[PDB]
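Q: What follows is each chain in one-letter form.
There are 8 protein chains.
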Amino acid sequence: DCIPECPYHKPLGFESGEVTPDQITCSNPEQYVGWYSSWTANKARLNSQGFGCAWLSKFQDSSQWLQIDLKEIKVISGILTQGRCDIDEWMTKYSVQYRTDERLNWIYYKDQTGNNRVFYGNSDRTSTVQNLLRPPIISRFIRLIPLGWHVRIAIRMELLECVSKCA
Amino acid sequence: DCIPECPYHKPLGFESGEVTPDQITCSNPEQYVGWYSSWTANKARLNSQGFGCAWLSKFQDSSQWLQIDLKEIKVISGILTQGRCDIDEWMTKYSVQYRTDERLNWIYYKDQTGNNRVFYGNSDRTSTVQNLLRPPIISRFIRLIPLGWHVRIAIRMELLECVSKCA
Amino acid sequence: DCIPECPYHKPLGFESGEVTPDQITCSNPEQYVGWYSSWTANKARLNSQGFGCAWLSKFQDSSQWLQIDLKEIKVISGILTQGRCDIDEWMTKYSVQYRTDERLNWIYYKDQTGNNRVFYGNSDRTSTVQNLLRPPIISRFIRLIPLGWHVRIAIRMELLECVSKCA
Amino acid sequence: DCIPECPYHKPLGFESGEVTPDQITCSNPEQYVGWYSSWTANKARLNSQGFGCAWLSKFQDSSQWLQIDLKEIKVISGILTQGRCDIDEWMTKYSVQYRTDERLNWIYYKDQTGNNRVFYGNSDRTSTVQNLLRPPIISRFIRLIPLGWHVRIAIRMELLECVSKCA
Amino acid sequence: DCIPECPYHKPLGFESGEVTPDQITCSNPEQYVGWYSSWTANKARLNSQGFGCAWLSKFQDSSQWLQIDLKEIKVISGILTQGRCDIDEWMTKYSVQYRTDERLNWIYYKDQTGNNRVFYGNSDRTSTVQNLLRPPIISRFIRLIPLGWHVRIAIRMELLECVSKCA
Amino acid sequence: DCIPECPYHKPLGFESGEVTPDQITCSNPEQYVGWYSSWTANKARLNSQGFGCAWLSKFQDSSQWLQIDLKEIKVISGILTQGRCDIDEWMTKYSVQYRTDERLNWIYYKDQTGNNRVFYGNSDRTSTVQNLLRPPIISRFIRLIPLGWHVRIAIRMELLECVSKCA
Amino acid sequence: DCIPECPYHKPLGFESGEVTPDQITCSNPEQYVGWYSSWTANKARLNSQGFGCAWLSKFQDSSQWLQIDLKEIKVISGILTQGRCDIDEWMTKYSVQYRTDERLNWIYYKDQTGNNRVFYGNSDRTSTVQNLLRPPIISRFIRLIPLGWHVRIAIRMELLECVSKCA
Amino acid sequence: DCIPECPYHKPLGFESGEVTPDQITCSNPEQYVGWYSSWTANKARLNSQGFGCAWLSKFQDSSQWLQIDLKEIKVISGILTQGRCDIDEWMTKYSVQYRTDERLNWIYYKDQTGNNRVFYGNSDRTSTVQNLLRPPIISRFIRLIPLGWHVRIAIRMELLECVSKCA
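Order-wise, the sequence lines are chains V, G, P, X, Y, S, Z and C.
In the entry's author numbering, each number is its position in the first sequence, counted from 1, plus 57.
In the entry's author numbering, each number is its position in the second sequence, counted from 1, plus 57.
In the entry's author numbering, each number is its position in the third sequence, counted from 1, plus 57.
In the entry's author numbering, each number is its position in the fourth sequence, counted from 1, plus 57.
In the entry's author numbering, each number is its position in the fifth sequence, counted from 1, plus 57.
In the entry's author numbering, each number is its position in the sixth sequence, counted from 1, plus 57.
In the entry's author numbering, each number is its position in the seventh sequence, counted from 1, plus 57.
In the entry's author numbering, each number is its position in the eighth sequence, counted from 1, plus 57.
Do not rely on the hints blindly, as some may be mistaken.
Okay, the calculated beta carbon distance ranges per label pair [to be verified]: (1) Y:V208 with X:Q169: 51 to 59 angstroms; (2) X:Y65 with S:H207: 35 to 43 angstroms; (3) Y:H207 with X:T170: 54 to 62 angstroms; (4) Y:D168 with G:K67: 29 to 37 angstroms; (5) G:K67 with V:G70: 57 to 65 angstroms.
Keep in mind that the hints were calculated from the coordinates and are not lab data.
Ideal Cβ positions, reconstructed from N, Cα and C, are used throughout, including at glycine.
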């Protein structure tokens with residue numbers, strides 16, 4: 058008929074681990090300037106912990122990000138972000154970018170007249186902030202840029218989609 | 058069409074004893090550290106009594122739990138917990154975990170922004186607390202962890218589902 | 058479609074005498090400890106009188122009851138109780154139990170969080186108390202236990218069901 | 058679909074005389090103890106007069122009645138009662154009984170919790186009291202017992218049913 | 058579907074003269090005791106005048122009437138009455154009787170509990186009083202009895218029915 | 058389905074001149090007593106002017122009229138009347154009569170209890186008064202009688218009908 | 058189904074120039090008494106300017122007009138009028154006439170009881186006045202007569218229709 | 058069925074770069090009077106920057122514009138305008154023109170009685186102003202004329218359409 062709201066969100070699976078580690082791409086491909094390559098992508102997942110929480114970033118001047126390569130255009134309804142657990146990290150902002158097809162260039166998340174919006178980070182560590190995105194995000198390659206940093210950035214995340222599903 | 062609310066709950070059968078004793082799995086597989094192996098799983102069922110109420114746990118530091126192995130992904134609408142009858146036990150909290158397929162790892166019950174919730178235990182023994190779970194729980198293997206303890210934990214339980222059924 | 062409320066109740070037939078006397082089972086199978094075997098089951102029926110009202114019970118410490126063996130799982134919408142006519146008997150309480158299939162064990166009537174309810178008896182003799190049961194009772198073998206006693210228990214009863222029927 | 062209310066009542070025909078005289082049965086089969094056998098059944102019909110109104114009853118201690126033998130289970134929606142015209146007769150009460158099939162025994166009219174009701178008679182003679190019966194009466198053999206008497210009982214009556222009919 | 062209200066009334070035709078004169082039957086078959094046989098039935102029709110208005114009646118002690126023989130069971134929705142034009146005649150009352158089939162006996166118009174009603178006549182001559190009858194009158198032979206008289210009775214009339222008709 | 062109200066009126070055509078002059082019949086067939094035979098029927102049409110407005114009438118004591126012979130039973134929803142233009146003429150009243158089939162006799166316009174109504178004429182000349190007739194007039198031969206006169210009567214008119222039409 | 062309101066208006070095309078110049082007919086066929094034949098019909102179109110705005114009229118005593126010959130009966134929903142641009146011209150009134158078929162005679166725009174209406178002209182030059190016509194105008198040949206003049210009349214116009222169209 | 062509002066807007070793609078550079082036509086075909094031919098059309102796109110923002114215009118007296126040649130009649134629901142980034146530029150107004158078919162002449166955007174509207178420019182540079190156009194613009198060749206200038210005009214833009222799309 059037409060997309061609804063929704064009524065319920067479908068987590069993709071970062072806690073369940075439906076997503077493969079190969080689809081969590083970290084900025085700094087050298088991984089020695091904006092990462093230590095430890096903590097791994099598997100730690101950078103919602104409620105994943107016990108040996109490191111999040112991904113790390115050695116240098117970061119809001120030109121570091123975390124990408125989710127879905128390799129299929131999917132409809133994303135929200136972005137869950139959770140703090141680390143090593144030491145405290147204060148609220149940041151997010152720039153939501155997405156690209157479909159893995160072609161052309163990237164475009165920005167829009168929300169009303171003004172046509173953009175940044176979402177709040179994690180105020181105090183080891184807690185999840187639920188940033189639901191009202192319009193449906195048609196994305197194949199997602200880029201979540203954390204803007205601002207308390208020392209460095211280190212988030213854990215899971216995406217919410219929507220499957221009707223109905224029973 | 059789509060899952061409703063519901064309008065009526067369907068007990069699985071712990072009082073009726075539809076569930077086999079083989080599907081009530083207790084933590085501590087040694088059963089001599091977090092159990093005495095007496096009281097049995099049949100006693101640990103809603104309104105089952107006359108020779109022991111609940112399951113016992115010798116040691117427990119909120120790392121003991123009771124699991125319901127359904128061996129079929131079912132839709133759970135509530136968790137009934139009832140106190141023991143030997144001696145008093147005060148309110149505890151619950152962590153609701155579930156896993157489908159008997160694969161991957163376990164995930165947590167979510168309820169709104171903040172994405173978690175713990176449910177209240179039994180305030181005074183030999184009484185049932187009705188903890189209905191608003192969203193439908195898609196689970197094959199259920200883990201109910203009791204958090205906190207008045208000496209030890211010992212609950213009796215039955216699950217509520219939903220069958221339409223209609224007449 | 059789905060069960061309604063109802064809009065009208067269908068008496069099974071205890072006054073009409075649709076029920077056979079063979080389906081009214083009295084506690085105390087010895088019938089010389091919790092009965093005199095006079096008054097008979099036919100007297101223990103709604104508005105049946107003229108030679109004894111109700112069934113009698115010599116001893117009773119709330120472990121005497123009256124069962125209706127339907128021998129078919131039926132949907133019961135209410136329990137009518139009427140006092141005796143020999144001498145006065147004051148209000149009692151009822152425990153409503155039912156079992157389907159004539160298998161497993163018995164289960165209790167539930168009504169909201171707390172999951173049980175007892176119904177009021179007959180305040181003053183020779184008068185009918187209409188205890189309607191809001192959810193539909195799926196029962197094959199009904200056990201109505203009278204709790205409390207003014208000397209002894211002695212009730213007359215008829216069940217209400219629901220047939221749509223429509224014209 | 059289902060019985061309605063109604064919207065209009067259908068008189069059976071006592072004024073029209075659709076009913077045969079053979080279907081108006083009077084109590085006292087001797088007809089010399091609770092009747093004089095004059096006034097006849099044809100006089101005991103709504104608005105029938107000119108040579109005697111109603112049926113008479115010599116003795117009556119509320120164990121005299123008038124029955125309508127329909128010889129077909131019909132749906133009765135009301136009972137019209139009209140006073141006599143010989144001499145005044147004051148309000149009485151009615152007990153409404155009915156039996157279907159011409160088998161088993163008789164059952165009582167029910168109206169709410171308490172499960173019975175008596176209807177008002179004719180306050181002052183030669184006037185009709187419209188006692189509509191809210192639930193549909195499934196009856197084959199109707200017994201209207203007049204309770205109380207100003208000297209004796211003597212009513213004229215017609216039944217109301219319901220045919221949709223629609224045009 | 059079912060008879061409506063209506064929304065519009067259909068005059069039978071007394072003004073149009075659809076009705077034959079042979080269907081307007083006057084009381085007093087001698088026509089020399091309760092009529093002069095002049096004024097004729099054609100004058101006794103709504104808005105018929107110029108040589109006598111109405112039908113006359115020499116003697117009348119409310120046992121004179123005017124009948125409409127439809128010779129087909131029709132659904133009558135109202136009775137129009139109009140005064141004469143010779144000399145004044147004051148308000149009377151009407152008893153509405155009808156009979157179907159031209160068999161059995163006659164029955165009375167009913168309106169609510171009390172089961173009867175009389176309608177108002179013409180207050181001052183040469184004016185029409187619209188007496189609509191709320192329930193549909195199933196009649197083949199209509200008898201309109203005028204009760205009371207200012208010297209004598211003399212009305213002009215037309216019946217209203219209902220044809221949907223719809224366009 | 059059924060006639061509506063309407064929502065829009067359809068002029069027959071007196072201004073357009075759809076009506077033939079042969080269908081506008083004037084009273085006084087001698088045309089030398091209640092007419093001068095000049096002004097012609099073509100002048101007696103809504104907004105027809107330039108050489109005489111309306112039809113004239115030499116003598117008239119409210120027994121002169123203008124008829125529209127439709128020669129087909131049509132549904133008339135209103136009567137437009139417009140004043141003349143030679144000299145002033147004050148408000149009159151109208152009696153609306155109609156006859157179908159060109160058989161039987163004529164009948165009167167009815168509007169509520171009282172069953173008649175007269176419509177207002179033209180207060181001041183050369184202006185149109187819109188007299189809409191709420192119920193649908195089933196007419197083949199229309200007679201509009203002007204009652205009262207300021208010297209004489211002289212109206213111009215057009216009829217309104219209703220065609221759904223819908224687009 | 059039936060004509061709507063509308064929801065959107067469809068300009069015919071005078072600005073777009075869908076209308077051919079051959080369909081804009083000016084009064085004064087001599088074109089030397091009520092026109093100079095310069096300004097041309099192409100200038101007399103909504104927002105047409107740059108070398109003369111409107112059509113001119115040398116003499117005009119409200120017996121000059123502009124006609125739109127559609128040569129197809131179309132449904133007109135509004136009349137747009139725009140002022141000239143040479144020198145100021147003050148508000149005028151309009152008489153809206155139309156004729157279908159190019160047969161019979163012309164008829165007037167009606168709006169409620171009183172059956173006519175004139176529309177406002179352009180208060181100050183070079184500005185458009187939107188005169189929407191509530192009922193649908195069934196016209197083949199449109200005549201817009203400007204009544205009153207500030208020196209002379211000179212309007213620019215475009216018609217609004219309605220096409221559903223829907224997407 | 059019919060065009061909706063919408064519920065969501067579909068950007069054509071100037072940020073995504075769906076539009077080819079060949080469809081962004083700039084006024085001044087000499088490109089040395091009202092342009093420097095640097096900044097290019099690719100810079101004159103919503104959120105395109107890093108080496109020049111917008112298109113430039115050397116001379117401009119509100120007779121310079123930017124056109125979008127769609128080469129297909131499309132339904133445009135809004136015009137996004139964004140400021141430059143070199144130096145500040147203050148709010149301007151817009152004239153929205155469009156032409157379909159690439160034939161006839163151009164027509165103006167209308168909004169209510171008065172039939173035109175200009176939209177607000179960018180108050181302060183490097184910010185987007187969302188000018189949604191309430192009626193659907195049927196256009197093949199779009200001309201956005203900026204009226205007024207703070208030194209010169211230089212806007213970046215993207216169009217919004219509407220695809221239902223529905224999921």
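Q: Starting from the range 57 to 65 angstroms, see whether the pair G:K67 and V:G70 falls in it by beta-carbon distance.
A: 28 angstroms Cβ-Cβ, so the 57 to 65 angstroms window is violated.
Q: Hint says 54 to 62 angstroms; check whether the CB-CB distance for Y:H207 and X:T170 agrees.
A: holds, 57 angstroms
Q: I want to verify a distance hint. Is the separation of the beta carbons of X:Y65 and S:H207 within 35 to 43 angstroms?
A: violated, 55 angstroms
Q: Could you tell me whether the CB distance from Y:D168 to G:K67 stays inside 29 to 37 angstroms?
A: violated, 54 angstroms
Q: Check the following: the C-beta atoms of Y:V208 and X:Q169 are separated by a distance inside 51 to 59 angstroms.
A: With Cβ atoms ~57 angstroms apart, the hint holds.
Violated hints, in rising order: 2, 4, 5; the structure is consistent with all others.
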